[PDB]
Amino acid sequence: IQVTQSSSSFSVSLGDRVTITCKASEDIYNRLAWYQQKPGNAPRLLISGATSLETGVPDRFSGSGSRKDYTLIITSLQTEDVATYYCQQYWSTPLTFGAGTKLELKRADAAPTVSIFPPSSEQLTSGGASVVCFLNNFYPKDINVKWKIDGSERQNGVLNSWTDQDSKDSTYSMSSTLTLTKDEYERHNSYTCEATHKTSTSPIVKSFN
Amino acid sequence: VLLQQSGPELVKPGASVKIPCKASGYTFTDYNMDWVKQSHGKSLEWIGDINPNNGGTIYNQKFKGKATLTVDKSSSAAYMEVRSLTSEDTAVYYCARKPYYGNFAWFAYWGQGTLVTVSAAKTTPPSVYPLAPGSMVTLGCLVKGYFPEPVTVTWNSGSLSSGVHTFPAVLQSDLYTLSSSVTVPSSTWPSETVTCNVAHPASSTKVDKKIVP
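One line per chain: the protein sequences are L and H, in this order.
Residue numbers for the first sequence follow the authors' numbering, so the first one is 1 and each next one is one higher.
According to the authors' numbering, the residues represented by the second sequence are 1 to 134, 141 to 219, in order.
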């Protein structure tokens with residue numbers, strides 16, 4: 001039996017009434033539980049038997065549905081409610097869990113602040129050459145980065161790392177690194193990282209020679 | 001009710017690891033114990049169930065052979081052994097207890113989970129490189151080629167935090183790399199010293215890299 005949550009990510013504002021669905025591949029007769037999970041911690045049981053709230057779980061939470069369609073509802077969404085939610089059926093084995101629905105906080109759109117950095121003399125002595133580009137404090141989270149070397153787009157050798165939504169300002173940040181050998185880095189002159197974000201029609205371009 | 005699991009596990013490919021789940025706060029043999037697998041930023045996957053009273057097991061077929069569940073009642077502990085480890089086995093493995101009436105297979109009690117990282121890399125210290133620009143200025147620090155995780159990054163011995171972004175490490179090769187940025191007023195740098203401090207517990211290394219123009 002499989003459980004599908006469909007919604008992978010949802011942008012919400014405090015006080016909003018969020019609904020997260022879970023559809024079973026077959027009648028599970030209310031044998032469904034909901035869990036909440038935050039980064040680094042184990043899941044926490046919120047509801048069992050499709051509608052029974054566990055002790056400690058705030059009244060804001062409630063569950064409903066039947067047969068193959070089940071829902072988890074959060075009345076006045078609070079900051080503490082930002083997390084990932086999972087449904088799980090236990091009508092038959094193997095026990096199965098939905099893919100999880102992550103909620104994120106909505107805030108004002110913000111263009112990323114982009115900075116580019118050439119390889120340090122210290123790394124060059126090691127035979128390596130990393131070009132780093134930081135794209136900080138932007139929103140919404142969707143962003144694309146493109147690297148160009150003497151005008152040609154470069155895909156291989158690019159490593160990207162994304163932060164989770166900031167708990168202080170609700171923005172996202174990203175770091176993109178292009179690593180080459182010292183020899184190759186020295187063979188070319190112009191290095192550019194281009195960020196495409198909804199906050200601008202033209203990509204934000206930072207470069208150096 | 002307490003389910004105690006051991007800390008991070010580093011294991012070589014092909015080897016086996018035995019993950020413990022020490023229970024206390026209840027009659028160990030009166031509740032079944034299950035195990036769940038969770039891969040980095042992924043969903044939860046059920047592995048199996050064991051009756052501590054008779055040792056009886058029920059497995060998610062997918063994990064047969066790969067995982068073996070056992071218990072040691074005399075010591076109120078449950079164990080899961082994972083064998084012939086590969087890269088796909090890297091994940092957090094949780095034990096979780098069922099209710100007295102096991103039929104209602106939901107989990108109100110979970111262990112903290114044990115991260116099992118499968119790698120053949122050897123302990124390796126990070127190389128720490130300064131990132132200097134080339141009325142707010144952004145500086146940075148690249149920390150590359152280290153193993154295993156984690157590394158600790160601070161700026162000016164922790165006196166700077168507001169304008170700092172330290173990114174999640176990423177596996178570049180079989181070694182990890184991460185970067186950290188810090189933004190400060192143009193009047194404080196380079197007029198005043200800005201340094202990133204990087205510690206790597208695994209190799210007992212501590213490095214300070216001053217950022218210079």
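Everything labelled a hint here was simulated from the structure, so no lab data went into it.
Mixed in with the good hints, there may be bad ones.
[Claimed, not checked] Below, simulated BS3-like cross-link-like pairs (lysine-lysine); rule was C-alpha separation at most 30 Å, straight line: (1) H/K62 - L/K141; (2) L/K106 - L/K182; (3) H/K62 - H/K73; (4) L/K106 - H/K12; (5) H/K22 - L/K38; (6) H/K42 - H/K62; (7) L/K23 - H/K64; (8) L/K102 - L/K148; (9) L/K102 - H/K73; (10) H/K98 - H/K73; (11) L/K182 - H/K66; (12) H/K98 - L/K23; (13) H/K42 - L/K168; (14) H/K42 - L/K146; (15) L/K168 - H/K122; (16) L/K106 - L/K38; (17) L/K198 - H/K42; (18) L/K148 - L/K68; (19) L/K198 - L/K182; (20) L/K168 - H/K215; (21) H/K122 - H/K73; (22) H/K12 - H/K212; (23) L/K68 - H/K216; (24) L/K23 - H/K42; (25) L/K206 - H/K215; (26) L/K168 - H/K216; (27) H/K212 - H/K122; (28) L/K106 - H/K98; (29) H/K98 - H/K42; (30) L/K38 - H/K216; (31) H/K12 - H/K122; (32) L/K168 - L/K198; (33) L/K38 - H/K215; (34) L/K102 - L/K182; (35) L/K106 - L/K146; (36) L/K102 - H/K12.
**Request:** Mind listing which of the numbered hints don't hold for this structure, in increasing order?
**Result:** Numbers 1, 2, 4, 8, 9, 11, 15, 18, 19, 21, 23, 28, 30, 33, 34, 36, in rising order.
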